[PDB]
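The chain below stands alone and is given as structure tokens, in the form deposited without ligand IAC.
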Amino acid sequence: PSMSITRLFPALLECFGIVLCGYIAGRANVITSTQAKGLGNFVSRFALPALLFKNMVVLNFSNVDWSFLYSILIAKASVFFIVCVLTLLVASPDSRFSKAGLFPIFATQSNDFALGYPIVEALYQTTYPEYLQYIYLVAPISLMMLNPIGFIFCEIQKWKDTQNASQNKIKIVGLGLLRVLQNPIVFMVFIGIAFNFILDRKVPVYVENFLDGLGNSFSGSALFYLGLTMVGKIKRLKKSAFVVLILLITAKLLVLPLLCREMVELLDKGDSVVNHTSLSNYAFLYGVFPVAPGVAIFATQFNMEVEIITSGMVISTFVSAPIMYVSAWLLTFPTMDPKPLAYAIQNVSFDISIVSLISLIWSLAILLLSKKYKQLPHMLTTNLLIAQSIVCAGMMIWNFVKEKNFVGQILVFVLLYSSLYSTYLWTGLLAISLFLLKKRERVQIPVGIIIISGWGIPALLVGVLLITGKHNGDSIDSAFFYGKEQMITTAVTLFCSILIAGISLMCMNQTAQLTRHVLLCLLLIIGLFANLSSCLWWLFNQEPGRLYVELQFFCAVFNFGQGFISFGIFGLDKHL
């Protein structure tokens, strides 16, 4: 298989549950900012050097495939190079140097030791154990060979601020180099490299247990400190700052991994195909890691665009968790055997539905306890989140009732597709209600009649698909329970909702609470747009290709992880 992809989701659950625990402790009032500063002082001055010293003392230089290492470093250097060049061209002259010195560090440095190491440990203990050392090999060399260029740029900008006009470029570039060398990772890696040759690859027995005890405490405490640093750093941004954060985070999380994969297939001349494919998949997985908090530390000590870099980190850190999941499950998809892709789709939808259901339970509890349900339009939003909770509960039933009885399977399918179709048309009803409220017309909206329609029409569609459709016993996936009749019924329900939302969207342009309501209608249309395309692909192409598999996987993710997006938009808000 060359990838133990079943046990990736527990690693992302650990790595983001400890981050969530740190965030909860930060926002509550359990640990204030100063005490989180003390925990970070402990982590950054004791835990990371012991971990690095142990993993470089035990590091084996005989089995290291250097080709992957300098291919990944060439990729990171290329990403840094393009981002610095366009940062010099497109930024304003008054602050081109500050952006050119801090943005490529943000878009080139990864959170390897805190987040990357447990995930790679979960994915690469069982079959390919030699890939664990590449984190500790690549991250400090990348730091040492790419960070000084950024600190050089930030120090020219600091020279700009001093406006001395005396040159002596040595005084500045050596200042940047010594600021780089004061990082604990670089000189601690130097000490570990020296002691690897001094001790002859063997940790002393008197110090081994002490270093293991101090190093094993880095992961959880580091994720907890990341969660404690992350309270309240997002704030409200300004025009064009949204676009430059999108461009930087797309660069870091998208074009660096593709460059890593392309340079790995370009620079590796190995004679083994399975080793080459696993190296390419690991190269894709390495670049999707989020930005380390060291960039925000550097901007804080510099007092230099601290808000932009911190906002960039909290968005890339939140955003990479599904990007990691989707990318790794897309990478493990090809070859295999035709039949276990259905089990893979069911397992991925189950792991997504767990997190969406938990976040949806939290957001529903917040919306109910805040007593904001009585005012329009948030009542229909509460109904929508309730319907998505029934979809997720339908997956909880469907994972365990796949092969029990035909009658129970039919009832579970009817309930699950009723909830799915109700969510589908509730998006259109919310959009129509938003369009009616945007008109500022004194029209009494029949919310009770709308709820009766929304609870009856999907049930009628499920009953019609049961009565007229033919059940397919050889289909283990939920999408082919009734065959082509069910997909035709899902297309008609989705097309009517898209037409209703399309009329409301066209009314919004002519007419131009409501600040967020529109985007939840907007973001669902992209979800409904991806559902339509996989149904259109099946009639015109008789042969199910790999693109059909990729489109069905994205249909599953954008259909059943919508509660996560809804929680991210509404639930993480103050006052309520």
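Take the two forms, find the largest set of C-alpha atoms that superpose within 1.5 Å, and that set is the rigid core. Residue numbers count along the first chain shown, from 1. What changes on going to the form solved in complex with ligand IAC:
- With the core held fixed by superposition, the comparison between the two forms singles out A431 as the only member of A75, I352, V295, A431 whose CA moves by at least 2 angstroms.
- Put the two forms on the same core and the Cα of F195 is off by less than 2 Å between the two forms.
- Put the two forms on the same core and the Cα of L258 is off by less than 2 Å between the two forms.
- Superposition of the core reveals a Cα shift of 2 Å or more for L376 between the two forms.
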The other form holds:
Protein chains: 2
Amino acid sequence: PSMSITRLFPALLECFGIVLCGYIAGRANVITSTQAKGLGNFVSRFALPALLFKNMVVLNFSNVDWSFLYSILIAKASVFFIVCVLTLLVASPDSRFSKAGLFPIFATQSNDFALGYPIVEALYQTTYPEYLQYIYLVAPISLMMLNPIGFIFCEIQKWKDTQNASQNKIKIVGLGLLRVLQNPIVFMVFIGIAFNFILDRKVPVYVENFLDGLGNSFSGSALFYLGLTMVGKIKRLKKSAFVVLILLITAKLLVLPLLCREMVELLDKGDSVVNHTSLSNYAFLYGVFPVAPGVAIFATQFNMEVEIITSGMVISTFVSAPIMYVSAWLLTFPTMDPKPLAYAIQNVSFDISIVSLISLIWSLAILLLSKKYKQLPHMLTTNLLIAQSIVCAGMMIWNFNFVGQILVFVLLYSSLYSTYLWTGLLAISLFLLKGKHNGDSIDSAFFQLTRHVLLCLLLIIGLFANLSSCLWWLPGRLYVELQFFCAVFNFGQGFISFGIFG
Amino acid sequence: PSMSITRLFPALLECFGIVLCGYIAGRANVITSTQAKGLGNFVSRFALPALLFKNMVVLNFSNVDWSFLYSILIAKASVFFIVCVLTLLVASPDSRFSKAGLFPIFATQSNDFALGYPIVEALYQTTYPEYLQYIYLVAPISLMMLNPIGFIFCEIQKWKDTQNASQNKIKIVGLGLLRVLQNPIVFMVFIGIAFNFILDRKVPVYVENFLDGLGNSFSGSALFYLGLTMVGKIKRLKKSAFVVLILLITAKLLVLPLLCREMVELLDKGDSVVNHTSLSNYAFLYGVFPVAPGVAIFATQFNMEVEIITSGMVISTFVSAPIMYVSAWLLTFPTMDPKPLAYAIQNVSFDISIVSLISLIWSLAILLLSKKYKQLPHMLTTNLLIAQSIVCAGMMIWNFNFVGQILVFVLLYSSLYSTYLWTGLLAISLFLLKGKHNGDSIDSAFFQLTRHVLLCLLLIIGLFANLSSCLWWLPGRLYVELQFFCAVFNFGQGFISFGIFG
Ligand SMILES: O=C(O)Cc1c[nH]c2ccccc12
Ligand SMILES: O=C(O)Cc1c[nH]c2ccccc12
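Now show me the form solved in complex with ligand IAC, since the one above was the form deposited without ligand IAC.
What follows is the whole complex; the chain from before opens it.
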């Protein structure tokens, strides 16, 4: 296997569990916003620059696959160019430059170090250890190349807003370029590259432990700070702003990884098909990383589009977790024989039902302890979420004799079909308010008002799959992929119930 | 070699370099006191409990040397008992219980996790990997055993101060005992021990990455928070309080490690002399760890003796660094043949001259940029510190041909003897204000007012040592040990100049 895909769910649990820890700490006022800045300044000014310096000094530039960098970088430049040109065409005259600066940086700049690296490490540390290098190459080179352009557009806006001024272009270009130079990521990569040549790849033995201590502290500390900064950030956006945010998160989490995968396949004219495939799959995985928290920091510094950029960075972080898991497994399935593939979809189902059961217990606990379950539409919703919890427990049981199998099936498919029933009954309440057994097998199938609208929309968008999937077993490539998307939905429907009511 | 003693200086540079980073960040107001609490709450409530749980679940209790635990624990109980009984006898009636509570906890509770573990790891990870277990065993079991007694004395004081009350003993005992149970170290060790039995030693694969991320972030993050909390903490103490602080830091950093070493040699009646010697040396290294930052937190919570305890914890942290380095090398020398031992003292000299040169550059930079060097006694002091910087550079050169050797000697010993000259001339200003070459060898020898009083008081110790050393080589065990203490002084005299004027 090219990806150690089994290691991805443990790594996602590290990543988004530590982000959830920081979010819980901020929500519980264990760490207030003014206290969080100590972790943020530790992370950004000490742990991250030490991690960057360490890895840049160690880096074997004579063994880097430059065509991977070129590919991801051209893919990011493509999404940057598309989002920028399109924004200048679509946006209102008084704010087209603040948007044309921050929207392209949003759509291209990844959460490479905090979230990307634990995931790339998990997937590729053993199978393709060279892939861990390109986190430290891509992320800064792409800030260096793309961010000054977006900063230049924000400086143009700052100039334009300052209507009493009429000054010349070179201060605009210089000030935006100076802004990327002042980023620790950029200057520590220049410094680390310099010391890579000076020291060879060898960190001095007496400095090594110090850089290890700071660098190794970045991962958890940065994920936790990301959690803290996500508290109270999703402000209720206008309809247009929410559409723009959806477009930009789609640019980052769908268009960019598709273009990354395509660019690798265009430019990586090396021979080995497995190396080419794993590099293509890594390019996709790279594109799926959420928006860098630094973009929200730039937006705060300029005082421009900060609502959309912060909300979008938070939502991108959350939305990346399932997209990353789903994408990586989906890219691994082409390499798997049908028996390991059936195993794999049950592993996927177990993983999603773990997170969904946790999310459902929390959602139910809120709706029950708040006693909201007696009001409308919460009266129906709590039925749906109990039924979803029974679904997830059914899968965690099914992951671990013949009589138990038949019993656990009826638990799972009475509650599953019931969750579809409640999905429809719940949607309707918003409108009013306004074949044979097959025991010798591993898979199981073949035997408030506005927020509630969003839940029923997403759940109905999910519903397609287990409809088709069972009449089609009564096949081929798209069946095992939609078997996966209906398993994802069967067990992960509660995660959407949670993401909206938690 | 029982200790990988060469790894200790890199580890100390990690430990006290990251502490110095946090101190620099707090001094520069990169992180204000109110911002530092975010790092503190991350460290104490997430990264430390995850580290504890991880290591306690992994722990092979069927392979622990219980006699080491018994030894360190009885040594700590001995120092606790001595400091407690002696404090109740010596202290003034109105505060004898707050002191009898916090002074014994001070004298016994070590900075085990932030500072102790990187050092034990460095020294013993390869040679005696089992020694890393006892950090996680000793530290909580000693909180559990000794801290409730000291808390009980602080509760007795709180009761006594609350003169309108006359309540019964069982609330006092229960409330102090509840205070140790509420400590994350204690409850996560109970929880981790429980899950060690439940899970065997095997952390669940999907929880493992999460615990790794949080736990691995503790080391650097806790050292940095320790640095932040050390900013502005050494308040100018009374003469009596400074003597008491010196006695308590001597209890922690001298009496406790001596008793730990003795207790191991009393109780470790196993056979192998090298295992016995390395365990004895580890027991000493364990006793040398500075005071736990938690003691200052207890003192803040009780609002008792907080000045002495905080100052003492900061000074203990700083004083531990040289004592730890000096002690570990000194304990390694008995195992070394005279040629590796001569090598070793030059390695020691290089290490101390690195830190001292850094410290001297900073000290000089302050005295020069402040232009204090024109006032008294700074006029002489800046001469001393230039001469000390030339000494340290002389050693770093001597660590890396025959003509260069003769040149670098005269640099080193003109400046060394001159630093002794200025040591005397400087002390006097305070009172007024109020043999043959031997080129075939590796060692070099054988060819404000109140703060200034403290500086000159300690360089007297040093004038002493190098005196004896050369006239005697013009031998035996105490000579190679004092050869080391005069090398320590020759090159580390600038570090004392820095610790007082920086
Ligand atoms: O986007 C990144 O991965 C870099 C980064 C810079 N400052 C951060 C704070 C928290 C989490 C990640 C980062
Ligand atoms: O004393 C220890 O090593 C434990 C510890 C608990 N809270 C701390 C904060 C900073 C550094 C260390 C600790």
